[PDB]
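Peer 1: Please construct the entire structure, taking both the sequences and the accompanying hints into account.
There are 2 protein chains.
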Amino acid sequence: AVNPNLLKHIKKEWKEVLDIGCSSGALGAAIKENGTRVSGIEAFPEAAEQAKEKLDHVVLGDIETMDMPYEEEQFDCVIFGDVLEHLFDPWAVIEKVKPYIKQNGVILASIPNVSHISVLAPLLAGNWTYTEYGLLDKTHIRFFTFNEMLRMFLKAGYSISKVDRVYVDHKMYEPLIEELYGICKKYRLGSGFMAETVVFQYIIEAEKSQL
Amino acid sequence: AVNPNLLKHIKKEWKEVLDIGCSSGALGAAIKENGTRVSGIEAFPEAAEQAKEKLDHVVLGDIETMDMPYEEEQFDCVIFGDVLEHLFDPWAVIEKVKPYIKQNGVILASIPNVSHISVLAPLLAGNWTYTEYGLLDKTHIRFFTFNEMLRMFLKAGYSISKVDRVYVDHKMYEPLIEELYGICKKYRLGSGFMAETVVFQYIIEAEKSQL
Ligand code: NI
Ligand code: NI
Ligand code: NI
Ligand code: NI
Numbered sequence: 019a020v021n022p023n024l025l026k027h028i029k030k031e032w033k034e035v036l037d038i039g040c041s042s043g044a045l046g047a048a049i050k051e052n053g054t055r056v057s058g059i060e061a062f063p064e065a066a067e068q069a070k071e072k073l074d075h076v077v078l079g080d081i082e083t084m085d086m087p088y089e090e091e092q093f094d095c096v097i098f099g100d101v102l103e104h105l106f107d108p109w110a111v112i113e114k115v116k117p118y119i120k121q122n123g124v125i126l127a128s129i130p131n132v133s134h135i136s137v138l139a140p141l142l143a144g145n146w147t148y149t150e151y152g153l154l155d156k157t158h159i160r161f162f163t164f165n166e167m168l169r170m171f172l173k174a175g176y177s178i179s180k181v182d183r184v185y186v187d188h189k190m191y192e193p194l195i196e197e198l199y200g201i202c203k204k205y206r207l208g209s210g211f212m213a214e215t216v217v218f219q220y221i222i223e224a225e226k227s228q229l
Numbered sequence: 019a020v021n022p023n024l025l026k027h028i029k030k031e032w033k034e035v036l037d038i039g040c041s042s043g044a045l046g047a048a049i050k051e052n053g054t055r056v057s058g059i060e061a062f063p064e065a066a067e068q069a070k071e072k073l074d075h076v077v078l079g080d081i082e083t084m085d086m087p088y089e090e091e092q093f094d095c096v097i098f099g100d101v102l103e104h105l106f107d108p109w110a111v112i113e114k115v116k117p118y119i120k121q122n123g124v125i126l127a128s129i130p131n132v133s134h135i136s137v138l139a140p141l142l143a144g145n146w147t148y149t150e151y152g153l154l155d156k157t158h159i160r161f162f163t164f165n166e167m168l169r170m171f172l173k174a175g176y177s178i179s180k181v182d183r184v185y186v187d188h189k190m191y192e193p194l195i196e197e198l199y200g201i202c203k204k205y206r207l208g209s210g211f212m213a214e215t216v217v218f219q220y221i222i223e224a225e226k227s228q229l
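These protein sequence lines are chains A and A', in that order. A prime marks a further copy of an entry chain.
Sequential numbering of the first sequence, starting at 19, is according to PDB author numbering.
Sequential numbering of the second sequence, starting at 19, is according to PDB author numbering.
It is possible that part of the hints are untrue.
Said to hold, decoys possible - Cross-link-like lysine to any residue pairs, in silico, SDA-like; alpha carbons within 20 Å at most: (1) 203(A) to 136(A'); (2) 189(A') to 199(A'); (3) 203(A) to 190(A'); (4) 204(A) to 191(A'); (5) 156(A') to 113(A); (6) 116(A') to 105(A'); (7) 116(A') to 172(A'); (8) 203(A) to 138(A'); (9) 29(A) to 181(A); (10) 156(A') to 103(A).
What the hints assert, rightly or not - Computed footprint of chain A on chain A'; a stretch qualifies when at least three of its residues, placed anywhere within it, have a C-beta under 8 Å from a C-beta of chain A: (11) 127 to 138; (12) 145 to 154; (13) 158 to 171; (14) 194 to 200; (15) 208 to 219.
Stated by the list, open to error - For each label pair, taking beta carbons as the anchor points, the in silico distance ranges come out as: (16) 121(A') to 184(A): 50 to 58 Å; (17) 203(A') to 186(A): 24 to 32 Å; (18) 62(A') to 31(A): 46 to 54 Å; (19) 189(A') to 184(A): 37 to 45 Å; (20) 83(A) to 156(A'): 12 to 20 Å; (21) 29(A) to 203(A'): 46 to 54 Å; (22) 225(A') to 29(A): 57 to 65 Å.
No lab work stands behind these hints, which were simulated from the structure alone.
Note that beta-carbon positions come from the ideal geometry of N, C-alpha and C, so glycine has one too.
Peer 2: Written out as structure tokens, the structure is:
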């Protein structure tokens, strides 16, 4: 299923895109309508076999350990749509893909926010309940806040070009959110609690750079 | 390195113990001083080779996927000392070991608490920072609160026989803790916030049972 939040960041002029976790290839198929050549990587065979008939090149494999059958500087964009939190070493994976990105190409990543009020309220209630879907999806094994997203990309030698915030309804939580913000201010806990606890996911464009 | 919090729960009268993540075998070696036969499982070869000269039986392998070379009802106790949070499917692993536990035998597990103030305060500050050691150890891929520990064991058909709470210094956090407790009471968020956010780890004895 496409993340509609990602498609709006796809540039029509891109020539080559790599979709990491391409599933059955629906996002790539959409991108291909622009003429862009789309490569995908998928770990589940049934999905990878569907993607093979839609995309230009598909690997059935694990990004964390696979050989990379691409040219240096092949890709305008490498997409991590709701992937990084499923990997054991996401930090290593973003460095691994870097040589395959063009000069001034980008990573486009959608990353769930662990500081979202829907995780923080139950945690205060004494719960960390894994679910079929959502922020505590049972297949999620890594967690990130915005600060940690920024650190991850910056330390891998990417610069942050764009940040898009995806919000969900949180009207019921507002009073709780305002009281918690009072405690952060009082206790000098960070900055941006209010701006960040309402963000469900971040879409980040990170441009290839150096340290 | 031994967890000194575990050794006090070892019964001298036990005849057979399985140490899951036995490392170099130091905990097992201590248990053996009682005459108890100790089996260990370790995933890192260098450690497993040291353990082999100390314990009665050692497997180099991954508990999640290995065949189990033990008899049914072999073990008085299966120890998970600071293991469960490192596994991809800890829920499945506790069911997997169950047939190898004696009637009225136990699992003894030490499990870090994600609701500890040292995780919750930085999370409010906008951080989820993985570390070399501690609650957000970079090799930790699962997180639990006390409620979730209880659910995990109960749903696998164990009964909870004993719970030991391991505390660390938190004097600097007390005012923050008291204010947060006020918010939980006000917002009807669970129960036991104050009792639980000061617990760094839990040691749980779970007795073999049924649903
Ligand atoms: Ni997911
Ligand atoms: Ni709002
Ligand atoms: Ni550990
Ligand atoms: Ni206290």
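Peer 1: If a hint holds in the structure, say so; if it does not, say that too.
Peer 2: These are the hints, each one checked on the structure:
Of the supplied pair hints, the one linking residue 203(A) and residue 136(A') holds, its CA atoms being roughly 18 Å apart against a limit of 20 Å. Among the hinted pairs, residue 189(A') with residue 199(A') is consistent with the structure: their alpha-carbon atoms are about 15 Å apart, no more than 20 Å. As the CA atoms of residue 203(A) and residue 190(A') are separated by approximately 17 Å, the hinted pair is consistent with the 20 Å bound. For the proposed pair residue 204(A) and residue 191(A'), the alpha carbon gap of about 13 Å is at most 20 Å, so the pair holds.
A threshold of 20 Å between alpha carbons decides the hint, and for residue 156(A') with residue 113(A) the separation of about 18 Å falls inside it, so the pair holds. As the CA atoms of residue 116(A') and residue 105(A') are separated by approximately 17 Å, the hinted pair is consistent with the 20 Å bound. Taking the CA atoms of residue 116(A') and residue 172(A'), the gap is about 13 Å. The hint holds against a cut of 20 Å. Of the supplied pair hints, the one linking residue 203(A) and residue 138(A') holds, its CA atoms being roughly 15 Å apart against a limit of 20 Å.
Taking the CA atoms of residue 29(A) and residue 181(A), the gap is near 16 Å; set against the 20 Å cutoff, the hint holds. The straight-line distance between the Cα atoms of residue 156(A') and residue 103(A) is roughly 13 Å, inside the 20 Å bound, and the hint therefore holds. For the stretch 127 to 138 of chain A', the proposed coverage by chain A is satisfied: 3 residues have a C-beta within less than 8 Å of a C-beta in that chain, meeting the threshold of three. Counting residues of the stretch 145 to 154 of chain A' whose beta carbon lies closer than 8 Å to any beta carbon of chain A gives 3, which reaches the threshold of three, so the coverage claim holds.
Interface restraint, the stretch 158 to 171 of chain A' with chain A: holds (8 residues with C-beta to C-beta distance below 8 Å; minimum three). Counting residues of the stretch 194 to 200 of chain A' whose C-beta lies closer than 8 Å to any C-beta of chain A gives 3; at least three are required, and the coverage claim holds. With 5 residues bearing a CB less than 8 Å from a CB of chain A, the stretch 208 to 219 of chain A' meets the requirement of three and the coverage assertion stands. Between residue 121(A') and residue 184(A) the C-beta distance comes to about 52 Å, which sits within the given range of 50 to 58 Å.
Between residue 203(A') and residue 186(A) the beta carbon distance is about 26 Å. The supplied range of 24 to 32 Å therefore holds. Look at residue 62(A') against residue 31(A): about 49 Å separates their beta carbons, and that is inside 46 to 54 Å. Between residue 189(A') and residue 184(A) the Cβ separation comes to about 40 Å, which falls inside the hinted range of 37 to 45 Å. Separated by about 18 Å at the C-beta atoms, residue 83(A) and residue 156(A') satisfy the suggested range of 12 to 20 Å.
Take residue 29(A) and residue 203(A'): their Cβ atoms lie about 51 Å apart, and the range 46 to 54 Å holds. Take residue 225(A') and residue 29(A): their Cβ atoms lie about 60 Å apart, and the range 57 to 65 Å holds.
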